[PDB]
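Number of protein chains: 2
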Amino acid sequence: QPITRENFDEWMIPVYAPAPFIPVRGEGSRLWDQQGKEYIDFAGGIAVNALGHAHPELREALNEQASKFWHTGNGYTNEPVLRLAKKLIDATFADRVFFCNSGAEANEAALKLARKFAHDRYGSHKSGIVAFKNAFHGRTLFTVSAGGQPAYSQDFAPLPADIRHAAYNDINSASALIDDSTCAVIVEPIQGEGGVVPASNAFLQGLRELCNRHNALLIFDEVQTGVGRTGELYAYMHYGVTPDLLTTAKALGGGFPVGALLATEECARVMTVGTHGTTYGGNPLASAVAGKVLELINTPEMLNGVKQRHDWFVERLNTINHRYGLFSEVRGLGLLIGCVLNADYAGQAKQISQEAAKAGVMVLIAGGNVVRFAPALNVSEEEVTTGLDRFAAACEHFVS
Amino acid sequence: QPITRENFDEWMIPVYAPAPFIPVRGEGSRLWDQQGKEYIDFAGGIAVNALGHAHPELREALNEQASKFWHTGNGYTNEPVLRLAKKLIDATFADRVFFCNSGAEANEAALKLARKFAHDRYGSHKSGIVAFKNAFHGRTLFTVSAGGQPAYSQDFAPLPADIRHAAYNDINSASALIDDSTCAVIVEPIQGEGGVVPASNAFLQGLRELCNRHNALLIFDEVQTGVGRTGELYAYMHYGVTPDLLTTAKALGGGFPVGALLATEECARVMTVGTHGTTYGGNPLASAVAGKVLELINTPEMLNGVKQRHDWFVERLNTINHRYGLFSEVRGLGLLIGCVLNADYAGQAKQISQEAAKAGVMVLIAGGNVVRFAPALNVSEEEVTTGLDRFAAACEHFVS
Numbered sequence: 003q004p005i006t007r008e009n010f011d012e013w014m015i016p017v018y019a020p021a022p023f024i025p026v027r028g029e030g031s032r033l034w035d036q037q038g039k040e041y042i043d044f045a046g047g048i049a050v051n052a053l054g055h056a057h058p059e060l061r062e063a064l065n066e067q068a069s070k071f072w073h074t075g076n077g078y079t080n081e082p083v084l085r086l087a088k089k090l091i092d093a094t095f096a097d098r099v100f101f102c103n104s105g106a107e108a109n110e111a112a113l114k115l116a117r118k119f120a121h122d123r124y125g126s127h128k129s130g131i132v133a134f135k136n137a138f139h140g141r142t143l144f145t146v147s148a149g150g151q152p153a154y155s156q157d158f159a160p161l162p163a164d165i166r167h168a169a170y171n172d173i174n175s176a177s178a179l180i181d182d183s184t185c186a187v188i189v190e191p192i193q194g195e196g197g198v199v200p201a202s203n204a205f206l207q208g209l210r211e212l213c214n215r216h217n218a219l220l221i222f223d224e225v226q227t228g229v230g231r232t233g234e235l236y237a238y239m240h241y242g243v244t245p246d247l248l249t250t251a252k253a254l255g256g257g258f259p260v261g262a263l264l265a266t267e268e269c270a271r272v273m274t275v276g277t278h279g280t281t282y283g284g285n286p287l288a289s290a291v292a293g294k295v296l297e298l299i300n301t302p303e304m305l306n307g308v309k310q311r312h313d314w315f316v317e318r319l320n321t322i323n324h325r326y327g328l329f330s331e332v333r334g335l336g337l338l339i340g341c342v343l344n345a346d347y348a349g350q351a352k353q354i355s356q357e358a359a360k361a362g363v364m365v366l367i368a369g370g371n372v373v374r375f376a377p378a379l380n381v382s383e384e385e386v387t388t389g390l391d392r393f394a395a396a397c398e399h400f401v402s
Numbered sequence: 003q004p005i006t007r008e009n010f011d012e013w014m015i016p017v018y019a020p021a022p023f024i025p026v027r028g029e030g031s032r033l034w035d036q037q038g039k040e041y042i043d044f045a046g047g048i049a050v051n052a053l054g055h056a057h058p059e060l061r062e063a064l065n066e067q068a069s070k071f072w073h074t075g076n077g078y079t080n081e082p083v084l085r086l087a088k089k090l091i092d093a094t095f096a097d098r099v100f101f102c103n104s105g106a107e108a109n110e111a112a113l114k115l116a117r118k119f120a121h122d123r124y125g126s127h128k129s130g131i132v133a134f135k136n137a138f139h140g141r142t143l144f145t146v147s148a149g150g151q152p153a154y155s156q157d158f159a160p161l162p163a164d165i166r167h168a169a170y171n172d173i174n175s176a177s178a179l180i181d182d183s184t185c186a187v188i189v190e191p192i193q194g195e196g197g198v199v200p201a202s203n204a205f206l207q208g209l210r211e212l213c214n215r216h217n218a219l220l221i222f223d224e225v226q227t228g229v230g231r232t233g234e235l236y237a238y239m240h241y242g243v244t245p246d247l248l249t250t251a252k253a254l255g256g257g258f259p260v261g262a263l264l265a266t267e268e269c270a271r272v273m274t275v276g277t278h279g280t281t282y283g284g285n286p287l288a289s290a291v292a293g294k295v296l297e298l299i300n301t302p303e304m305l306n307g308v309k310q311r312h313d314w315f316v317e318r319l320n321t322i323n324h325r326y327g328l329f330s331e332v333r334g335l336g337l338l339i340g341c342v343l344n345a346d347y348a349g350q351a352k353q354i355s356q357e358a359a360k361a362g363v364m365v366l367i368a369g370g371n372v373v374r375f376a377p378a379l380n381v382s383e384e385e386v387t388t389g390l391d392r393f394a395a396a397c398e399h400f401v402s
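Line order of the protein sequences matches chains A and A'. A prime marks a further copy of an entry chain. Per the deposited numbering, residue 3 is the first one in the first sequence, and the count goes up by one each step. Per the deposited numbering, residue 3 is the first one in the second sequence, and the count goes up by one each step.
Treat each hint with caution, since some may be false.
Unchecked claim - According to the in silico footprint, chain A' covers these stretches of chain A (three or more CB under 8 Å from chain A'): (1) 63-69; (2) 75-82; (3) 109-121; (4) 157-165.
Stated by the list, open to error - Per label pair, the in silico range of CB-to-CB distance: (5) A/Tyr326 x A'/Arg271: 37 to 45 Å; (6) A/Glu8 x A'/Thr274: 17 to 25 Å; (7) A'/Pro302 x A/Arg7: 32 to 40 Å; (8) A/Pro4 x A'/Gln353: 50 to 58 Å; (9) A/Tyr326 x A'/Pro58: 50 to 58 Å.
Hints listed in this document are in silico derivations from the structure and should not be mistaken for laboratory results. Ideal Cβ placement from N, Cα and C applies to all residues, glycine included.
So here's chain A without its partners, still in its complex pose:
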């Protein structure tokens, strides 16, 4: 009758090795497990819970809609999805929006759009997708092939063709591969799963120029960096560089699964009826929640609060690092932050993460070499201080 962690190994296809403990409830940046142990949540659902757990406003938005209707599919549109498209359109470089269920699906849409756009304006010979080493764009066949970790793509071959990977942050690597045959350049403004590595300002200017020069669409995968995470609504705003396509998901639904492709008028025009689609994308429920999310997150008091919190994190992480000497650098932007291990401790991010869990704070990794922080954007000063106290206890246990 009771549910146990041993139940997980018996019943789930074993793609994840999750925590020994099982969460049963949360509020804000706190989470509790079956035994009532209390965690401070700096993982934030992997950058998804931008307003923390069980937020009262997301809850009324969800239940208000849920009492009218949840879903019709896309033969019918709805008021929530349309208010949401509008909020996005007004807030970003975008003119049109397409909604779906996840980051992976949004990137699939973006790449398909790019392929179609080049076939239609230039010719069927123009198919190349240029992405970057260590990129993560999701787990579908297409998006994992565009993603730059061959370990996640090897087994599933033959992979869609005409994808090449340049070195992140290397403008020369990219120009080597970008030419008149390229339809798309897909890039994360900050590499998330790949070590929390920010783009340099030059690198994104350079890509934009290469795109212009060669008529490829520039796609920014802001699935991990979007919706306030950097201190601005999107990273493209921080950098000053405008993409042709922008994918967003994750924080956008603050816990409810949703993704979006933002596009210029020129690009959208090309996706005609029946050329793509989704069954659940743009449903009333998801749209009512993301709508509320945008409204709460897209305010100067929140966004400025993100930069404030960045400083809380960085200051205290350095104090900590000065004492214990784990990290060679602390990097990232707003509230996507990475502590990179120095060579003494290389490859042990996971162990530190497990130590943190024992001390009662949830952090992530980003490769074996980086401890990743992605707390809720409305994380309180007190939760930050407590959670960093626990993280420090953890670093102590770990150093031995």
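Could you slot chain A' onto chain A? The hints should help.
Relative to chain A, chain A' alone:
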């Protein structure tokens, strides 16, 4: 300030041409638009709203969970997702489950699993996927290439390689393509988007034998046919044939986006840590709702009620067809039903569907030649009678 249908053409990437009217609320099999016109909903969200609109029980399940927590991502499991895995395991041939956000993602998982399984037990040369003409498996690059409507895949080339299509319901077509190099045979037990065409009993026995003989995994895409739609929990039960992998989505979450891959112990074992994944899949919210759905749908009174309703539909559709002579045949199973147009009216399913909307009933199409019905499983006798009255009015207007 008010939201209008003209707003849809201004703001959405135009992949859908939805209805002139916009739904604002529903209850059961009734839906209302902005002007308060009343529709009977035989489209049921494209076979998704198995318990109709804004169902009171789905609502408390949703709000109960939503007050504990919505999401952590998969470094952490949860009680809802585990109760759900268990319900499924107990109810089906499956031993293990993997959860995701949609049918498309579930099929991506299934095919990737199959590719990996063959690479691991036989060798990297064994990669072939055999699917069928007119199959629909979703809109990712991989699943649309496995899908059998070249119009939806052409523009996005180069497509993943080693996919071939046999003729549905043709055992000889399939044996021509299935050999020792095949890793997977993916099939819909009833082709949904492709004309509501049921599989013959022979055809699925035959595929199962071919699979066994050649060591390919048999995958049944029950995304459209699963969760009661046929009168049994899944179509594989109606047919007597057990697949190796089963994908399900759609009705499973009764409106909330969710998909699942059901697998035998032998197959699951092969998907090791980090080989696949999803950010939202298996989240508490989705799992609490599908859990309730399964509990309401997987009962002899519902399932038997589905067969009862099948008869209501078929009887009255024939009365109607005898009067107006639109349809050459009425086909399908349980509450997935197709009225196939005779040659006089070929290609005009969409027009009939538009006539139906004017008369105040929502039906679907399945190609230009078939009017498709997928009402909620708990559709009441009265809603069925009223909606078929309106459908009949519609058929009258249409015949001229």
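Right, here's what the structure says about each hint:
no. : hint                             : in the structure
1   : 63-69                            : holds (count 4)
2   : 75-82                            : holds (count 7)
3   : 109-121                          : holds (count 7)
4   : 157-165                          : holds (count 8)
5   : A/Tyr326 x A'/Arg271: 37 to 45 Å : holds (40 Å)
6   : A/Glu8 x A'/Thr274: 17 to 25 Å   : holds (19 Å)
7   : A'/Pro302 x A/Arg7: 32 to 40 Å   : holds (34 Å)
8   : A/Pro4 x A'/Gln353: 50 to 58 Å   : holds (57 Å)
9   : A/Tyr326 x A'/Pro58: 50 to 58 Å  : holds (55 Å)
The earlier numbered hints are all upheld by this structure, with none contradicted.
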